[PDB]
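Here's a solo chain for you in structure tokens, the form solved without the ligand.
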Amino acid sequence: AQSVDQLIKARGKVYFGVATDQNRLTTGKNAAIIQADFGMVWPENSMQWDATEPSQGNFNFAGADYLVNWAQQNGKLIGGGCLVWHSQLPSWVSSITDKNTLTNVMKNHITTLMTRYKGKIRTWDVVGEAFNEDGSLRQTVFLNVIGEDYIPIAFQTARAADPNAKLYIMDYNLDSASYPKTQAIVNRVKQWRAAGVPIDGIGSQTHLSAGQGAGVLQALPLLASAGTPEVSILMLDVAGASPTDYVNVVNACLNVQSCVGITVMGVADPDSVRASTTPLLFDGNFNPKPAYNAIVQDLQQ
């Protein structure tokens, strides 16, 4: 029908994107829909640490290469990540107890991934899910072994490896302005940037329940108050896929000058991690749902 990526670009934004990987691109109607309607792809899993560095210094790029090549052939922007995240670490990393060893391991992981795709990746998620719900820093292996400096080190290393890429910190439950995690990330990002840490963006990994879209209208401007050049909505899904919720999230990005775009968590409902809540923009027959059409209408006006 109409392409939400074409329409969001016409309104002055950079992209409407989607997460995918080789499996999805070879099944269903995912590749055709991504071709037609989305302008940026992100790897679901193929750039995570367990997929890319299964033993120390030994890298596996087959799945990531597939995605990057597909994106280049189809004219799509590419996001990558997450470089430093606790949730998909191989066991060899989480069993390092020495500060200097872990620092060197982290730097090598960052530099190797970013160098391989130098110049081809628009945005990297450098650090993900670093905050507890109360706003304190999450006690991961990186925090416990390296200390709080692991975040500055990660960003400084990434900037040196590919100065072209935008470097983001990413987290979830940043969907309400009054939630403690939201103000905490704003405060810390301000403090890090004032100390010279090159954080270009905050990516809000937006997983909503029904009715929560309205709150993003205040949360996203609050995130933008940290002063990063960019913010973005990442891995968006909404239980029930109400047009009202989806349009509120889109309008939050339109209202925030530094919001560069929106990425949804997948294409079609049956491939969602919460498929019973039918939370995506295409149904199990790959047809656009009412929320997709409502976004089109909102962007035309």
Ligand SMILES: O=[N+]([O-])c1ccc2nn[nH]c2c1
The other form holds:
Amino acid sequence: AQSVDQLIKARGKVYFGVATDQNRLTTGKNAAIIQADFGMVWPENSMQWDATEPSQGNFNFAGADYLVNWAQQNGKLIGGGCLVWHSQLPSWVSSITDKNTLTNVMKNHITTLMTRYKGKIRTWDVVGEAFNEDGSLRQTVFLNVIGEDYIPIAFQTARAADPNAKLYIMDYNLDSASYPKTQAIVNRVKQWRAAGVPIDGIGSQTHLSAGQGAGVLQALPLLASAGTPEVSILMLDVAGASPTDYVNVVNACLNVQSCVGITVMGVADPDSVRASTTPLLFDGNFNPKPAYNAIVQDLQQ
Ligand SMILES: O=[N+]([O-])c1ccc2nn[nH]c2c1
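Next, give the form deposited with the ligand bound, keeping in mind that what was shown is the form solved without the ligand.
Whole complex next, starting from this chain.
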């Protein structure tokens, strides 16, 4: 049928993307759909810390290499991440108690991953899920051991490793303008950038319930008011996959000049972590759902 990536590019955006990995690319009809309809791929798991650095200084790149090679052969942009994210850490990192040791470990992790793929990765998610729901910083091993400087250090280290990449901070529950986490991340990113921290983007990890798409029309412009060169929608899925919810999210990005694109959490409903809510754009037979066709219609205008 029609490609949402082709159409969103024709409207002046950069991509419509999807998360995947080697497993998915060799099963189902995922590779054919990604080839035809999406312009950017992200590794769901193969670039996370537990997958890439299972013991200190010893890296495993097999799965990440597979994705990067596949993307290059198929003409797709690549996003990578997450470089610093508490929920994907191997136990050897979480057990470090010394500030200088953890700082060097974090810098080496960032530099090694980014150097390997230098010039090939459009966007890196550098820090993920750093905020509590009340807007304070989440008390992870990095905050407890290094302190709040871990965020500036991570971004500075990433900028030096690959100056071509766009560097993002990413979080979830940024879907409502009035929710405390949303204004908190805006305030902190503005302050960090004023201090010279190279944060190029805010990525909103958008997991919606039915009817919540409309709120993104106000939340996304508010995130853009932090002044980063880019914002994006990441990890998108919507319980019930209503066309209304999906079109509202797409229109939010179209309405925000600095929104470069949208990435969905996967291809087909049965492979979702909440499959019983049928929250994706393709069904269990790999056919496009009404929400896919509604996005196509919205973009053709
Ligand atoms: O947009 N994504 O689907 C996605 C998946 C995994 C990630 N890890 N870091 N950033 C990510 C984005």
